[PDB]
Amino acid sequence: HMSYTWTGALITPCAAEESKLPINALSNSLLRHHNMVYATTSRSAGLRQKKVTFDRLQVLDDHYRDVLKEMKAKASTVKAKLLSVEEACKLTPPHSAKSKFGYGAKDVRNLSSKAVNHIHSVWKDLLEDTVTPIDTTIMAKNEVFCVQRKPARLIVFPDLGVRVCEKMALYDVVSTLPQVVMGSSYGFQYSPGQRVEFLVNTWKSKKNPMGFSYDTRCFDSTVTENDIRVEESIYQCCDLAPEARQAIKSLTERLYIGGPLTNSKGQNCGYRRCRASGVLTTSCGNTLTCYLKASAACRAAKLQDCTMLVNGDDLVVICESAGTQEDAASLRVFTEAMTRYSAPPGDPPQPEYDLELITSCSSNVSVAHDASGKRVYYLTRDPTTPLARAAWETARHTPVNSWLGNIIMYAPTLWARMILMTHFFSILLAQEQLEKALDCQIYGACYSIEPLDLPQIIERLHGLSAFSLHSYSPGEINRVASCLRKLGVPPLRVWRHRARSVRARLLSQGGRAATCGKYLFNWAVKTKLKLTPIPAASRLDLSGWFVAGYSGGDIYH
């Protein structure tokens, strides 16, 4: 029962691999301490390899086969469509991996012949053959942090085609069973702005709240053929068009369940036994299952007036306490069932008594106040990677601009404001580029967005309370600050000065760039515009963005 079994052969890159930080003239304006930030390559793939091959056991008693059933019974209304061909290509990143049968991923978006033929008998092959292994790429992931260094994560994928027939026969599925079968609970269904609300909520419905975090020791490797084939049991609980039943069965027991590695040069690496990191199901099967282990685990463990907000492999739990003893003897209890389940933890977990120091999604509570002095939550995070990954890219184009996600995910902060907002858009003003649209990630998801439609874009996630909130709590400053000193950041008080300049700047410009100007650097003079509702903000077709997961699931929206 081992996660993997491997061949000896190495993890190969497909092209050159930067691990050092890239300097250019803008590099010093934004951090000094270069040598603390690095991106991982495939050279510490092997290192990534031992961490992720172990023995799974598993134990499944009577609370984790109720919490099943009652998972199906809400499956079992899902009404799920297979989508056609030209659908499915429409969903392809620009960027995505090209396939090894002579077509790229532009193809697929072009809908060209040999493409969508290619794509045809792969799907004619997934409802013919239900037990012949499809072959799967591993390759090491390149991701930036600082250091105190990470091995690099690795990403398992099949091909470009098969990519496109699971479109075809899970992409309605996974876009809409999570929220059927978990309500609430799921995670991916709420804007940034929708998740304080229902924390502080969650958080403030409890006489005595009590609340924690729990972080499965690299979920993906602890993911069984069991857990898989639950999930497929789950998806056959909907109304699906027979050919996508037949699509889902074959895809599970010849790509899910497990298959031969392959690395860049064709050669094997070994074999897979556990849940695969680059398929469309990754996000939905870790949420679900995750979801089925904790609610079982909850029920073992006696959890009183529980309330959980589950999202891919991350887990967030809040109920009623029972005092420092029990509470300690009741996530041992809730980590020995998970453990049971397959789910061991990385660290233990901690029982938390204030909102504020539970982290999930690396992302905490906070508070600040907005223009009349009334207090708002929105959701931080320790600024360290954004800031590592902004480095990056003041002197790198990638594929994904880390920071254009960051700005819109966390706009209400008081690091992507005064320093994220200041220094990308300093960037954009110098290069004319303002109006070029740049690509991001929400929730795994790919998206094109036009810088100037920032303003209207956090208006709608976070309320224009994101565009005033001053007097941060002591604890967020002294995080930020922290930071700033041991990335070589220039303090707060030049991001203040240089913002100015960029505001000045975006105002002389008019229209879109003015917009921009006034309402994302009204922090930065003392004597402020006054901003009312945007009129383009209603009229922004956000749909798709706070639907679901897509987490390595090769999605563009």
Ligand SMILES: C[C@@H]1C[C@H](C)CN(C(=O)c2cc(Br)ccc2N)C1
The other form holds:
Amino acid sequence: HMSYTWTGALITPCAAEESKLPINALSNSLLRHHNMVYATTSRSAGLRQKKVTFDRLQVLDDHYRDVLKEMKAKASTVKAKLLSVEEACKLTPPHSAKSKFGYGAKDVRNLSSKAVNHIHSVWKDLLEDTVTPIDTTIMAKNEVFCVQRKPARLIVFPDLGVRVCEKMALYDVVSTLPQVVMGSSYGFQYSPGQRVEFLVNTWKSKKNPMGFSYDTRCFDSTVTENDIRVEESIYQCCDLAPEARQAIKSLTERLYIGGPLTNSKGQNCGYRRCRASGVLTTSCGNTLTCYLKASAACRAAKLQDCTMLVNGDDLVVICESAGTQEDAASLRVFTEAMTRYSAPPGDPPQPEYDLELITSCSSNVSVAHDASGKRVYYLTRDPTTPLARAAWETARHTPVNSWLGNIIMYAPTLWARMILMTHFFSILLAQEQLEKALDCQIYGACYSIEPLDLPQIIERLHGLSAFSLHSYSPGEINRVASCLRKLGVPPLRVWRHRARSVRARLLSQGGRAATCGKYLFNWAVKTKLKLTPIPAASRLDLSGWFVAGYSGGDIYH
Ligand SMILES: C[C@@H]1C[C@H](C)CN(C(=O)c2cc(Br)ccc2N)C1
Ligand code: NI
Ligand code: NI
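Show the form solved in complex with the ligand, please, the one above being the form solved without the ligand.
Complete assembly follows, chain above in first position.
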């Protein structure tokens, strides 16, 4: 029951890899401590292999089978449709990895006959063959962080023609089933504001609240063949077309449960018997599995009136305190239960009695005041990684723009507003590139977004108050200011000064550019403009934005 077996062939790169922060003429205006920032590369892939490779034991009790029967009961109410090849093709990202069979993402997206014809052959093969393990590629991810050095994460993915096939059979299921099965507990159904609202309401719903986040050690690697078969049995509860049932059975047997790993040079690297990081079911399967194990462990631990919020492998529980010493014991039992279910902890969970101090999905609730003076809750996070990534994107073009996703998700925040908007607006102004659509990711799915649509996008997701928050909490202010020291980023007084300039330049452009100046930087000027509902915002087609998680799933919306 080892998570992985290995040949000793190396995990190899596709192109040359950069680990040090690329530097240009714009770098110093953002950050001076260039050595704090790095990108992971295949050079550390061996250290990751070590970490992810382990024996899994699972003991499954009555609480577990009880939760699952309940889940399947809910799953039986889902009706899900097959996608046409064409619909599946339009969900493929433009920069998704090319097929080994002589076509790429551009070909799939164009609906070309070489691509489409191959995808059809892959589909027919899935219908006819439910046993032969499907080939996959293993790679080291190149990802950017600030020190305190992580080894590269691994991505494991099947060929392009198989990914399109997954969309056909499962895209509707993974999009629909988790909310139905999990209700209010399914995290990816919420905008950041809706998330805050859920955590706040939930917290307020207990006489003596206590909460904790649960950090599973390498979750993908803890996921067993049992876990995967269990997920498939949930999928099959849906009302599906016969071809869909057969294709799902096949993908589960041939791909999801495990398979051979091939490097970029075509050498056999070993064998996977755990969650593949790069398949469509990655987010939905982790969420369901995490929910099943956690819900059962809550029963084993006898947590009182617990409420969970789950996003893939990210788990937060809020419940009724039974006192400081009883809570610590409860959490021990919870952790023992999760371990038996093959989800042992990284850092062991600790009970928290302040909502603002609970971190889940790398984020926490904080408090600011709106234009009326009223305390308002909002979602923030520690800015270190958004800024390290922003430093990289200042000097390099990337397929996915972190800074843009961060402005979108963290728009009400002190640091997104003063640092991210100012800095990137400055850059795009200077290159007359305000009108250029850029790719970014939200809950794993990729979106092409025009920076000039940011006021409307923001109003529609966070509301007009995102443009007027002030008097941030001493705790938030100081985490930001402490992040700026560590990175060597100019202090906020500098950013305020720069934003006034950026604001004036944007206004001078007229049109959408002036809207960005008006709405995004009103915080920067003492003589404040009247911020009214933007007409275009109500016309914005933001369906499928905050519906499901697609991390690893090769989705383009
Ligand atoms: C805590 C920050 C410290 C900085 C010097 C000035 N300052 C701001 O410009 C500010 C920024 C935003 Br965004 C909202 C309200 C504000 N008063 C507040
Ligand atoms: Ni065995
Ligand atoms: Ni029972």
